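There are 2 protein chains.
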Amino acid sequence: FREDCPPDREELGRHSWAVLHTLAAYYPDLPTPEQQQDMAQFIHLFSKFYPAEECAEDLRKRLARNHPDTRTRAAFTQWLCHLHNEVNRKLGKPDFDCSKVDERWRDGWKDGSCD
Amino acid sequence: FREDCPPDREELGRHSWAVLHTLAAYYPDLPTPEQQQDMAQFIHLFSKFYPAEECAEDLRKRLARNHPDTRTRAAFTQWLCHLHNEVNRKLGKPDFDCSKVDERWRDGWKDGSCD
Ligand SMILES: Cc1cc2nc3c(=O)[nH]c(=O)nc-3n(C[C@H](O)[C@H](O)[C@H](O)COP(=O)(O)OP(=O)(O)OC[C@H]3O[C@@H](n4cnc5c(N)ncnc54)[C@H](O)[C@@H]3O)c2cc1C
Ligand SMILES: Cc1cc2nc3c(=O)[nH]c(=O)nc-3n(C[C@H](O)[C@H](O)[C@H](O)COP(=O)(O)OP(=O)(O)OC[C@H]3O[C@@H](n4cnc5c(N)ncnc54)[C@H](O)[C@@H]3O)c2cc1C
Ligand code: NA
Ligand code: NA
Numbered sequence: 091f092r093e094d095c096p097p098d099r100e101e102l103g104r105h106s107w108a109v110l111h112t113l114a115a116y117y118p119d120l121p122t123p124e125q126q127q128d129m130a131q132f133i134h135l136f137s138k139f140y141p142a143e144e145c146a147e148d149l150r151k152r153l154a155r156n157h158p159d160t161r162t163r164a165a166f167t168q169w170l171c172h173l174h175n176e177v178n179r180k181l182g183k184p185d186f187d188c189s190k191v192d193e194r195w196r197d198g199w200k201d202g203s204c205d
Numbered sequence: 091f092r093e094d095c096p097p098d099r100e101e102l103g104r105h106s107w108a109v110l111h112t113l114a115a116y117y118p119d120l121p122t123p124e125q126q127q128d129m130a131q132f133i134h135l136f137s138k139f140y141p142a143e144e145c146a147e148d149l150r151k152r153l154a155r156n157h158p159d160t161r162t163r164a165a166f167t168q169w170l171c172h173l174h175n176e177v178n179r180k181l182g183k184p185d186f187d188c189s190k191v192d193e194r195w196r197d198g199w200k201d202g203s204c205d
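Just so you know, the protein sequences line up as chains A and A', in that order. A prime marks a further copy of an entry chain. Under the authors' numbering, the first residue of the first sequence is numbered 91, with each subsequent residue one higher. Under the authors' numbering, the first residue of the second sequence is numbered 91, with each subsequent residue one higher.
Worth flagging that the hints you see were computed from the coordinates, not collected in a lab. Just so it is clear, CB atoms sit at the ideal spot from N, CA and C, and this is done for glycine as well. It is possible that some hints are incorrect.
Claimed, not checked - For each label pair, taking beta carbons as the anchor points, the in silico distance ranges come out as: (1) A:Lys-180 with A':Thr-122: 43 to 51 Å; (2) A':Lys-200 with A:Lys-151: 35 to 43 Å; (3) A:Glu-143 with A':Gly-202: 20 to 28 Å; (4) A':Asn-156 with A:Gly-202: 22 to 30 Å.
Model the full assembly from the supplied sequences, consistent with the hints where possible.
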C-alpha cells in the first residue's frame, strides 16, 4: 500500500532493466570508439555496484562469459535483450522476443496500443 | 492503459532515481579508493548516456559545478539527495528531506508503514 518504500529485489530489477533497455535504445547507431568503450565500462561498473550480492555475482560471471557488444545500437540493444533473457530463463520466465526491443523500449508497438 | 510501453521522460526519471538512490544506499561506509573512483566514473558515464539531450546536458553542467562525493556511503547518499533536490527545485517540486534517504531507500520508514 505505501508507494514510497525501498524497492525489493523485483521492483529494483524492473527499474534497472527499464533504465538499461532505455539507455540502449538511444545509444548511437555509429558510436565513436570512445562511446563504445564508455558503454562497456558503464555496464561493467553497473555490475560492480548492483546490490544484492547473489544477483551481482551471477551477473559478473555472466558478463565474463559474454562481453557487452557495444559496436552499434543494433548490436548493443540485441545483446542486452539476450542478456536479460538469460536471467528470465534462469528464473523460469519465458524468452522476450528480441525483435520487439525497439517497439518495447523506443518506438512503441506498431499497432499503436501505446498511443 | 498499456503497461508495457516505452517510458516517457517522467517514468524514466522515476526509474533512474530509484536505481541511483538504491545503488547509493548499499555503497560501502568505507569504500576502497578504487570503489570511490569506480562510483565517480559510474555517475559520470550515467550522465553521458542518459537520453533526452535537454536533461543530460543540464545534468553534466550540474555535475561540473558539483562533483560526486563518493568518499563514504553517508557522503554519497547525501550528495545524491542534494543533486536530486536541485532538479526538484528547477521543476517547481518541493525539497525532499535528505535526513530521510535511509528510510526511503534502504530501511523503510521507522513507523513501519513499509511493513
Ligand atoms: C542486471 C540484473 C540482474 C538480475 N539478476 C537477478 C537474479 O540473479 N535473480 C533474481 O531473482 N532476479 C534478478 N534480477 C531481477 C529480475 O531480473 C527481475 O527484474 C524481477 O524478477 C522482476 O521480473 P519481471 O517479471 O517484473 O520482469 P523483468 O525481468 O524485470 O522485466 C521487465 C520488463 O522488461 C521486458 N523484458 C523482459 N525481457 C526482456 C528482454 N530480454 N529484453 C528487453 N526487454 C525485456 C518485459 O516487458 C518486462 O515486463 C536482476 C535484474 C537486473 C536488472
Ligand atoms: C539524472 C536525472 C536528471 C533529470 N533531469 C531532468 C530535467 O532536466 N528536466 C526534467 O523535466 N526532468 C528531469 N528528470 C526527470 C525528473 O527528475 C523526474 O524524475 C520526473 O519529473 C518525475 O518526477 P516525480 O515527481 O515522479 O519524482 P522524482 O523526481 O522522479 O523522484 C522519485 C521519488 O524519489 C524520492 N525523492 C524525491 N527527491 C529525492 C531526493 N532529493 N533524494 C532522495 N529521494 C528523493 C521521492 O519519493 C520521489 O517520489 C531527470 C531525472 C534523472 C534521474
Ligand atoms: Na528477469
Ligand atoms: Na525531480
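Hints versus structure:
A hinted range of 43 to 51 Å for the beta carbons of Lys-180 of chain A and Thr-122 of chain A' is inconsistent with their spacing of about 30 Å. Here the CB-CB span from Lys-200 of chain A' to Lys-151 of chain A is close to 37 Å, well matched to the stated 35 to 43 Å. Remark: the range hint 20 to 28 Å for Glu-143 of chain A to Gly-202 of chain A' is upheld by a beta-carbon distance near 26 Å. At roughly 42 Å, the beta-carbon separation of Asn-156 of chain A' and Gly-202 of chain A lies outside the given 22 to 30 Å, and the hint is violated.
When the structure is compared with the earlier hints, violations turn up for hints 1 and 4 and for no others.
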